[PDB]
Amino acid sequence: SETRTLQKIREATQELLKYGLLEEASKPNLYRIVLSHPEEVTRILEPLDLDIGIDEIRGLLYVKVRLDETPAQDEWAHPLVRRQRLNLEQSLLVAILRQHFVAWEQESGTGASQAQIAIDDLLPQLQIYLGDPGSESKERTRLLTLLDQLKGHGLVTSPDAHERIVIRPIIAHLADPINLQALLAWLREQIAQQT
Amino acid sequence: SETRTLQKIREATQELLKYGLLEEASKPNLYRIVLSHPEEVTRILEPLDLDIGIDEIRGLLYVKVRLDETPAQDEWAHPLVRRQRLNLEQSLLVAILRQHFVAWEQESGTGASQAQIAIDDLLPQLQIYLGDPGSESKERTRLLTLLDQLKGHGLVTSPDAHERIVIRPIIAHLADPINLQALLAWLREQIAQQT
Amino acid sequence: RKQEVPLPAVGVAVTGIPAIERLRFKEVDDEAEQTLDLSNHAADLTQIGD
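Residue numbers (PDB author numbering), protein chains in the order written: chain C, 40 to 234; chain D, 40 to 234; chain E, 350 to 399.
Next up, chain C with everything else stripped away, as it sits in the complex:
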């Protein structure tokens, strides 16, 4: 009697909300299920003041806060979104990761999601900005804490046995040149004020 949304649609949308994103390369059937009824999932998210994005060439579907009438102050204030705001250390690691990601994407275009890197490559980068506490293990722990936070934001896979990680494609839409330029203007303002 009562209308029920297609079971597969409900499953896919609930899981996508759970994880905030979804890759064809890892969960193809749910990706294709969503792509079969994108209007349906957009409709489902509409009451939540949440929204959807698509990147076919990278095979990524990611949620994004609806901004039709929400306060421009910050989408982070939205009650449902749980993980807290990003901070400029995480943003620095994000910048380095984005650089590595674009370098990888040059090699084989968008290619697969296998944007691999060795942890030993990141530490030299951070040492320049965050400095050198003079204890290799200490800086390794610091980097791993930052990487854990980013994985909490879904931008990086957890480490593995080879001390390698793979950059989640979601980065391409957080380090979107538009967002990068907005951040860059904000940070230029910050430095100007710093005087």
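Think of the hints as simulated: they come from the structure by calculation, not from any bench.
Backbone N, C-alpha and C define an ideal beta-carbon position, used for all residues, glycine too.
Take these hints with a grain of salt, some might be off.
[To be verified] So the derived list for chain E, only partly shown, Cβ under 10 Å to chain D, looks like this:
no.: 1; residue: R350
no.: 2; residue: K351
no.: 3; residue: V363
no.: 4; residue: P367
no.: 5; residue: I369
no.: 6; residue: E370
no.: 7; residue: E376
no.: 8; residue: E380
no.: 9; residue: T384
no.: 10; residue: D386
Please build the complex by placing chains D and E on the supplied structure of chain C, with the hints as guidance.
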């Protein structure tokens, strides 16, 4: 394309999901909005396998898994709900609060008044089963820690200026009260056995 | 270091809907106590084969 859902209803739904709860004694606005518009909210929750029950006598509304009882498996697992199993201390505390709340409802009827208890009565009853952690300061520290965690789970409020908490009416709708009664039986056996 | 940047929220996820029914509670039913086998089991040479 689609007409935007009523702003007030979207706010009520998102706030409700932030706490799985609504209360006329605290938030009459969203309480009334949902009360007068149950079909809209229920339809909004349909896609995610979510539904709401009510107790107007208690002035309460709450969320629940819309999945039909034992649809394919006896006990349910849901992507957007994590079933935490309280540690024995929390289980004891919630059991004592549940029995106190039901006793209060016997005293004053159903939903006539929100139950209450002071730290004065609390600490002896907890130390009855838990003993001395090492000091009175530690006693109160642990007590307030569990109280805060329960408040995070929505069961209780933080103590007021007079160190009196209010037992949230939500307590009436716990999942497995039989398990609580069994653990209470074990506790009331151990209290006599160990003394 | 801990300043908040203005980057937009993308890849946002929602979890931990606080459903009261999700609660479960502790098990203590395995209360049987296995006392110590502190007794001295030192060998007695009677078994020793010829």
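Hints, one by one, checked against the model:
1. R350: violated (28 Å)
2. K351: violated (23 Å)
3. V363: Where the cut-off is 10 Å and the nearest Cβ of chain D is about 7 Å from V363 (chain E), the hint holds.
4. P367: At 4 Å from the nearest chain D Cβ, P367 (chain E) passes the 10 Å test, so the hint holds.
5. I369: holds (6 Å)
6. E370: holds (5 Å)
7. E376: holds (8 Å)
8. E380: holds (8 Å)
9. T384: Cβ of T384 (chain E) sits 16 Å from chain D, so the hint is violated.
10. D386: violated (24 Å)
Comparing the model with each earlier hint shows violations of hints 1, 2, 9 and 10; every other hint is respected.
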